[PDB]
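K.L.:
The chain contents come next:
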Amino acid sequence: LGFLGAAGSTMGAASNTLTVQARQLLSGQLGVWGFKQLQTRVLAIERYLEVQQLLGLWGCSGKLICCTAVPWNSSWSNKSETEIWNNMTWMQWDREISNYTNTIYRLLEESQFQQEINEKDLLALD
Amino acid sequence: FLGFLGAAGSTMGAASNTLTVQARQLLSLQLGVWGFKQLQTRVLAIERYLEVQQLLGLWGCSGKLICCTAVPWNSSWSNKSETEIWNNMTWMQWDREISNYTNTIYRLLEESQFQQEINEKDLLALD
Amino acid sequence: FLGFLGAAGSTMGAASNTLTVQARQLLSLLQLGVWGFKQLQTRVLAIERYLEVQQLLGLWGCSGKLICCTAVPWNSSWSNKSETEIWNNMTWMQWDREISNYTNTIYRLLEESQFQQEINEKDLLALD
Amino acid sequence: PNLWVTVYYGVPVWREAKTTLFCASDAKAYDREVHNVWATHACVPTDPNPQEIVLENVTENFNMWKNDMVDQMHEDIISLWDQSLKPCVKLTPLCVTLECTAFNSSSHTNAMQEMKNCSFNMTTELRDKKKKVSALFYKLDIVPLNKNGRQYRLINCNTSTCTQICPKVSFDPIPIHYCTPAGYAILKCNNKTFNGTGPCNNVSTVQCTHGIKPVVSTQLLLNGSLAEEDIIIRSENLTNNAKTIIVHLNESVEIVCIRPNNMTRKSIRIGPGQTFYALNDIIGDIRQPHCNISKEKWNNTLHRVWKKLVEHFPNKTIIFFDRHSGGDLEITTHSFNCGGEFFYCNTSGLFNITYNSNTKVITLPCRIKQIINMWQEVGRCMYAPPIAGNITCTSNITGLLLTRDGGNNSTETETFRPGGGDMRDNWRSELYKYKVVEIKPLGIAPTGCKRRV
Amino acid sequence: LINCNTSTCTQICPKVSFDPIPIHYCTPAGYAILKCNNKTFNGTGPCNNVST
Amino acid sequence: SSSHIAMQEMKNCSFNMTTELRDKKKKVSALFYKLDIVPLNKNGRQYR
Ligand SMILES: *[C@@H]1O[C@H](CO)[C@@H](O[C@@H]2O[C@H](CO)[C@@H](O[C@@H]3O[C@H](CO[C@H]4O[C@H](CO)[C@@H](O)[C@H](O)[C@@H]4O)[C@@H](O)[C@H](O[C@H]4O[C@H](CO)[C@@H](O)[C@H](O)[C@@H]4O[C@H]4O[C@H](CO)[C@@H](O)[C@H](O)[C@@H]4O)[C@@H]3O)[C@H](O)[C@H]2NC(C)=O)[C@H](O)[C@H]1NC(C)=O
Ligand SMILES: *[C@@H]1O[C@H](CO)[C@@H](O[C@@H]2O[C@H](CO)[C@@H](O[C@@H]3O[C@H](CO[C@H]4O[C@H](CO)[C@@H](O)[C@H](O)[C@@H]4O)[C@@H](O)[C@H](O[C@H]4O[C@H](CO)[C@@H](O)[C@H](O)[C@@H]4O)[C@@H]3O)[C@H](O)[C@H]2NC(C)=O)[C@H](O)[C@H]1NC(C)=O
Ligand SMILES: *[C@@H]1O[C@H](CO)[C@@H](O[C@@H]2O[C@H](CO)[C@@H](O[C@@H]3O[C@H](CO)[C@@H](O)[C@H](O[C@H]4O[C@H](CO)[C@@H](O)[C@H](O)[C@@H]4O)[C@@H]3O)[C@H](O)[C@H]2NC(C)=O)[C@H](O)[C@H]1NC(C)=O
Ligand SMILES: *[C@@H]1O[C@H](CO)[C@@H](O[C@@H]2O[C@H](CO)[C@@H](O[C@@H]3O[C@H](CO)[C@@H](O)[C@H](O[C@H]4O[C@H](CO)[C@@H](O)[C@H](O)[C@@H]4O)[C@@H]3O)[C@H](O)[C@H]2NC(C)=O)[C@H](O)[C@H]1NC(C)=O
Ligand SMILES: *[C@@H]1O[C@H](CO)[C@@H](O[C@@H]2O[C@H](CO)[C@@H](O[C@@H]3O[C@H](CO)[C@@H](O)[C@H](O)[C@@H]3O)[C@H](O)[C@H]2NC(C)=O)[C@H](O)[C@H]1NC(C)=O
Ligand SMILES: *[C@@H]1O[C@H](CO)[C@@H](O[C@@H]2O[C@H](CO)[C@@H](O[C@@H]3O[C@H](CO)[C@@H](O)[C@H](O)[C@@H]3O)[C@H](O)[C@H]2NC(C)=O)[C@H](O)[C@H]1NC(C)=O
Ligand SMILES: *[C@@H]1O[C@H](CO)[C@@H](O[C@@H]2O[C@H](CO)[C@@H](O[C@@H]3O[C@H](CO)[C@@H](O)[C@H](O)[C@@H]3O)[C@H](O)[C@H]2NC(C)=O)[C@H](O)[C@H]1NC(C)=O
Ligand SMILES: *[C@@H]1O[C@H](CO)[C@@H](O[C@@H]2O[C@H](CO)[C@@H](O[C@@H]3O[C@H](CO)[C@@H](O)[C@H](O)[C@@H]3O)[C@H](O)[C@H]2NC(C)=O)[C@H](O)[C@H]1NC(C)=O
Ligand SMILES: *[C@@H]1O[C@H](CO)[C@@H](O[C@@H]2O[C@H](CO)[C@@H](O[C@@H]3O[C@H](CO)[C@@H](O)[C@H](O)[C@@H]3O)[C@H](O)[C@H]2NC(C)=O)[C@H](O)[C@H]1NC(C)=O
Ligand SMILES: *[C@@H]1O[C@H](CO)[C@@H](O[C@@H]2O[C@H](CO)[C@@H](O)[C@H](O)[C@H]2NC(C)=O)[C@H](O)[C@H]1NC(C)=O
Ligand SMILES: *[C@@H]1O[C@H](CO)[C@@H](O[C@@H]2O[C@H](CO)[C@@H](O)[C@H](O)[C@H]2NC(C)=O)[C@H](O)[C@H]1NC(C)=O
Ligand SMILES: *[C@@H]1O[C@H](CO)[C@@H](O[C@@H]2O[C@H](CO)[C@@H](O)[C@H](O)[C@H]2NC(C)=O)[C@H](O)[C@H]1NC(C)=O
Ligand SMILES: *[C@@H]1O[C@H](CO)[C@@H](O[C@@H]2O[C@H](CO)[C@@H](O)[C@H](O)[C@H]2NC(C)=O)[C@H](O)[C@H]1NC(C)=O
Ligand SMILES: *[C@@H]1O[C@H](CO)[C@@H](O[C@@H]2O[C@H](CO)[C@@H](O)[C@H](O)[C@H]2NC(C)=O)[C@H](O)[C@H]1NC(C)=O
Ligand SMILES: *[C@@H]1O[C@H](CO)[C@@H](O)[C@H](O)[C@H]1NC(C)=O
Ligand SMILES: *[C@@H]1O[C@H](CO)[C@@H](O)[C@H](O)[C@H]1NC(C)=O
Ligand SMILES: *[C@@H]1O[C@H](CO)[C@@H](O)[C@H](O)[C@H]1NC(C)=O
Ligand SMILES: *[C@@H]1O[C@H](CO)[C@@H](O)[C@H](O)[C@H]1NC(C)=O
Ligand SMILES: *[C@@H]1O[C@H](CO)[C@@H](O)[C@H](O)[C@H]1NC(C)=O
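Protein chains in written order, with my numbering: chain A, 354 to 479; chain B, 240 to 366; chain C, 2 to 129; chain D, 1205 to 1657; chain E, -12 to 39; chain F, 117 to 164.
Bound conformation, chain A alone:
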């Protein structure tokens, strides 16, 4: 399957091809063409770096699928796993959880920082 080939697929089918999206995320003369190429390359680099920084802050650095210790609040979405995972698509989930993304991001950062402090203290005890 090609890039974005599982756009209309369900969650479980689409999650099997995150790699092609991840690799296309960084795919790859004075005047106008050269300047535009350079500006777009800088912007793409910026987007990639922000995504990598978020993944590192959440403790999922270097991982495409990463389980976290943040409990899933039922207020965000009360639907059980199987319906969302074998019925809906990623676009629909994104539009549903679009309201609560910032809260989950902040919770993930705090959870990773707390885990890091706990691990440091545990190593210090030994």
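Hints are not guaranteed to be accurate.
[Claimed, not checked] Chain A side only, calculated, beta carbon under 10 angstroms to chain C, not exhaustive:
| hint | residue |
| --- | --- |
| 1 | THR363 |
| 2 | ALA366 |
| 3 | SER368 |
| 4 | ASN369 |
| 5 | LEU371 |
| 6 | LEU379 |
| 7 | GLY381 |
| 8 | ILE398 |
| 9 | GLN406 |
| 10 | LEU410 |
| 11 | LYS416 |
| 12 | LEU417 |
| 13 | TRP446 |
| 14 | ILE450 |
| 15 | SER451 |
Honestly, the hints are just simulated from the structure, not real lab data. In this text, a Cβ means the ideal position worked out from N, Cα and C, and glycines have one as well.
With chain A held as given, fit chains B, C, D, E and F with the ligands onto it using these hints.
P.N.:
Here is chains B, C, D, E and F with the ligands on its own, set in the frame of chain A:
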């Protein structure tokens, strides 16, 4: 919640609890003067961020705000006890004190990480 | 202490002990005219090269590690050379010359091994 | 029971966004031919076998009229023209008084009023000396100074200084592909009967658009893509008379335009290393330039367009008129660029037909011009140098641009006049099926996995 | 003037100096320069003694 | 023209200038502040 750099005057241990805000804030047009200005500023910020990330990766602390290492502390660098270091001074004062030996400690961290890496490699090859 | 690219002519075993200097050196004002534009273009190109290599290492699961052992079996089709001689008799250039044909397939194989490992680890964690 | 947040990197989700795209041209365009405005080795080579991935079970909303990547294309074309005309000769010295007389050749004694023989003083390499030079100018490029009809001036001398298009540089349009940077994608609407706006059932994705030729023309889209099933009439708001109607033809109508005169060129040194290429006498008998369109094919095409128009306008009489002959030549005639010379053809014979509910060739008389103020911008003019020998082109009419006249008190009849400004419509007719989306690979969804402590 | 039918000459700025000063060419990150130290090298072919 | 500082502050001025065509000069005129014009000679008639 404390803002960006809000723990500058706090002690070491108290300021160590607000690393996420600073780490996040580190990576917060046409041919006119301001398009070009934004352009080189963004490029330079990217370069500095990549340099720091490269250092962290070389030390094996990649993706970690707080990372324990195996380099033993040397009394020559500083002979103060941990309690007064972490409940007396601030990060600015400690950085001023340690600026003499920073390069040596960086080199030791790189060598230690590489040593651990090849140790793990040969250990896995043994199995 | 050996300098940058110091072990270019050394065998693989001796050269593998000096990866830190190379890793450090891979990422070691300007006017509005052609000159500054070209120089900052080279800066951008270097950044792209570094990020591309880092992305490949992350996709292989070896992010942040100079030397990383993977789970991909080594096909004898790619090479049948013995180990002590390949690590105490060959330099990196000769090795690269031999494997220039099969690098891309090994890249895909490493990536699929990493992705399958990730999927199985997620499944095992979900089982608990 | 107790689910936990899970982070997926590489999620196939996107969002509407505006970005900057770069150009990609065919590899054949890099074979020498550095003399080119569009793709003078400034575009990356096109990717062989472009990868189009068909996205299934997906519906997306397109909008050709609020679409980006058209304004950006227009800006890129303007900047390309300015950059390619930067090193060219600036005709500052040419803004001088001309002593023009109606030149009288042997064939003139036997459309010879279309040109005049203008003699003027031109500064030599020495600033203290002048030389009485002569040239031939089209009457469309000179205006009288007095009412005595003896002294003229170039038409642009009250507006700006024209720039002689460099004779080596070739502004022949070539297919240009638009490609997004990393982290963005182009969504192509494969719905064959798509009318330009609304949801699209069949959607795919690509990295680069198809080869889009940047042909600038009025009243007739030339060398464009064609519809697949039927003629498609597209308008932002049909009931609004101020919105131009873009007609897309599924069958191209061949048009052959010729300039049969044998012109001669001369060089005038207007400064140090500056040569101005002018028009000398005409060799042989004179024949007016013209374009040829098959009468049967054009009649069939206009009948189909009328049928579609009456379909979109149920209870009204659809009649085609010609644009009024009082406006700018760019909007009242089908203007284009053929073989380096700019034509302005009178299409009064094309849209002269009326339809009732119940081998011959149309010949369109054309006029050439040398001083071209394109982009409808006052202050940006150029001088296209003359080309020796005859000139012939064979373009494909793949679309029309109509404009419904304002609803008068005498209703029950709608008149459609070809033309309509906003030259961006030429690009819009090609980029209707494309939109730019930003990928957002980071997604979070609950799962029955908890990270180990 | 000899140039007046060819191109417009530009006076060298009197305050601007243009005496040749040493200039070193440096590669960006990720690139290296190989210097051939073979003292009898004729400028083409293999070079035994190399440096970076 | 003042009723009567601001009396001598301004000057009538007539000159020749290039038109849109760089071979004909047109006699124009304007009002210039005396702070913007410097006498050429000592007769007080020609300024620049
Ligand atoms: C819609 O699309 C059609 C189809 O593409 C297009 O018509 C094409 O127009 C171009 C541009 O005028 C034509 O290309 C020119 O054609 C002639 C003759 O060459 C043709 O025929 C010979 C014989 O088979 C072939 O070898 C050749 O490849 C062509 O098919 C020439 O006048 C042109 O060459 C000169 O111009 C080039 C500029 O691009 C220069 O690169 C080239 O070196 C030549 O210039 C030199 O010679 C000139 C003559 O001495 C001299 O005056 C110059 O200063 C210079 O020294 C060029 O090949 C193409 O053939 C047309 N195709 C068809 C099928 O008719 C329409 O124009 C387009 N419509 C619109 C509105 O854009
Ligand atoms: C803008 O541009 C215009 C056009 O160039 C200028 O108008 C010219 O101004 C000059 C200088 O004032 C005029 O020259 C003067 O003309 C008068 C007539 O002289 C003519 O006829 C005598 C014979 O009778 C000839 O000798 C002479 O060469 C002329 O052909 C006289 O006022 C002047 O000549 C007298 O005085 C001078 C010295 O003062 C003596 O040398 C002469 O012998 C004689 O005694 C003088 O020649 C010229 O005629 C104007 N041209 C036109 C077309 O009218 C404007 O001055 C210029 N600037 C401005 C600010 O408007
Ligand atoms: C447009 O008008 C211009 C003038 O505004 C005109 O150019 C003129 O051409 C003539 C003929 O070539 C030039 O005459 C030159 O000067 C004298 C005139 O007697 C002669 O030495 C030369 O004339 C030769 O040819 C004549 C026949 O026409 C013979 O009678 C004679 O014996 C000579 O053989 C010489 O050519 C004249 O100088 C130019 N003028 C300028 C300003 O250059 C041009 O021909 C007109 N163009 C068209 C298309 O009608
Ligand atoms: C494209 O070509 C068409 C023709 O194929 C052309 O339209 C023509 O315009 C000319 C003028 O440019 C018309 O000729 C005359 O124009 C003026 C208008 O004021 C008058 O002298 C004449 O009009 C009289 O017509 C009647 C004479 O019997 C009188 O009763 C009446 O009162 C007027 O005084 C005359 O029209 C010419 O007729 C038209 N031709 C057609 C077929 O309409 C058009 O201008 C060209 N387009 C462009 C953009 O160049
Ligand atoms: C939805 O849109 C897609 C993309 O345009 C359509 O797929 C296209 O289908 C056509 C017709 O079958 C294909 O053309 C033909 O394909 C094969 C060779 O590939 C061969 O039969 C012919 O030579 C011809 O080229 C086209 O390749 C294909 N495009 C892609 C990208 O797959 C699809 O048909 C549309 N679906 C509907 C229901 O309209
Ligand atoms: C292209 O096709 C689309 C549909 O695929 C057309 O959009 C449709 O436009 C009509 C008006 O022309 C809309 O009807 C009006 O909608 C609203 C809401 O009811 C209101 O203004 C009126 O009561 C009326 O019903 C229609 O809803 C809309 N359809 C969709 C799906 O959006 C579009 O007009 C077509 N364009 C051309 C040029 O033919
Ligand atoms: C497409 O264009 C038509 C024609 O311009 C638009 O219809 C026009 O809509 C405007 C408001 O946008 C109407 O003005 C208002 O009308 C009534 C009284 O007639 C009243 O609400 C206000 O006082 C105001 O005047 C205008 O009358 C109407 N014209 C016609 C001929 O229907 C139409 O809205 C456009 N469609 C879209 C989707 O933009
Ligand atoms: C104007 O429209 C005509 C008619 O659609 C265009 O002629 C067509 O051009 C295409 C593209 O080159 C031809 O297809 C190709 O033809 C040959 C085999 O015949 C080969 O190169 C490819 O396999 C492909 O099939 C098509 O045959 C041709 N049709 C006709 C009737 O001649 C023309 O290119 C358009 N443009 C002009 C005249 O500038
Ligand atoms: C291969 O090339 C290398 C690099 O050019 C040669 O090494 C160079 O050898 C010369 C002669 O011994 C060295 O000069 C000496 O260096 C020190 C002071 O730096 C001192 O002993 C002397 O005053 C003299 O200047 C030179 O520094 C050295 N270069 C480097 C980078 O180490 C080498 O000799 C060549 N090998 C052969 C077999 O030709
Ligand atoms: C600035 O300094 C003051 C004074 O030391 C700090 O307030 C002290 O906070 C500690 C830690 O909670 C308490 O034990 C002390 O009792 C506080 N002292 C007083 C006088 O209130 C204050 O927190 C510092 N602020 C920052 C931002 O570092
Ligand atoms: C702590 O730092 C001191 C000071 O750098 C080190 O002392 C050096 O030891 C080396 C090796 O014996 C000597 O060659 C240097 O001369 C010493 N430096 C000074 C300034 O005396 C000491 O080795 C370090 N200790 C540890 C355990 O790393
Ligand atoms: C392309 O899109 C058009 C326009 O939405 C689709 O036409 C619809 O067809 C269905 C089925 O006949 C009708 O119920 C709708 O009313 C039509 N819509 C309109 C606006 O007329 C068409 O089916 C699509 N074609 C493909 C191949 O996807
Ligand atoms: C142009 O084509 C139209 C049809 O596309 C021709 O007119 C039709 O001719 C048929 C065959 O005789 C009749 O059945 C229709 O009633 C005619 N329609 C009209 C409106 O007259 C027409 O003859 C062709 N030529 C011209 C010059 O219009
Ligand atoms: C520098 O390179 C030259 C050219 O390769 C070497 O010259 C060779 O010397 C050997 C030994 O005398 C000869 O057998 C070869 O025939 C020579 N080659 C050529 C092409 O003439 C030279 O030895 C090298 N210098 C050093 C110091 O290694
Ligand atoms: C689209 O839906 C159909 C019907 O449920 C299904 O068979 C098919 O696999 C789906 N395609 C994708 C790409 O999800
Ligand atoms: C869920 O969200 C609500 C609303 O913000 C919050 O009050 C509550 O504490 C959350 N519960 C859990 C279990 O996370
Ligand atoms: C170069 O080769 C010689 C001869 O085999 C060997 O002794 C020497 O160690 C090698 N040098 C390096 C730097 O590997
Ligand atoms: C050209 O000149 C001849 C001879 O003077 C004259 O008879 C004829 O009418 C002229 N032709 C024009 C002005 O078209
Ligand atoms: C035009 O005339 C010249 C002579 O002036 C001749 O050599 C050339 O062949 C002619 N060109 C054409 C296209 O007839």
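K.L.:
Which of the listed hints are broken here?
P.N.:
1, 2, 9, 10, 13, 14, 15
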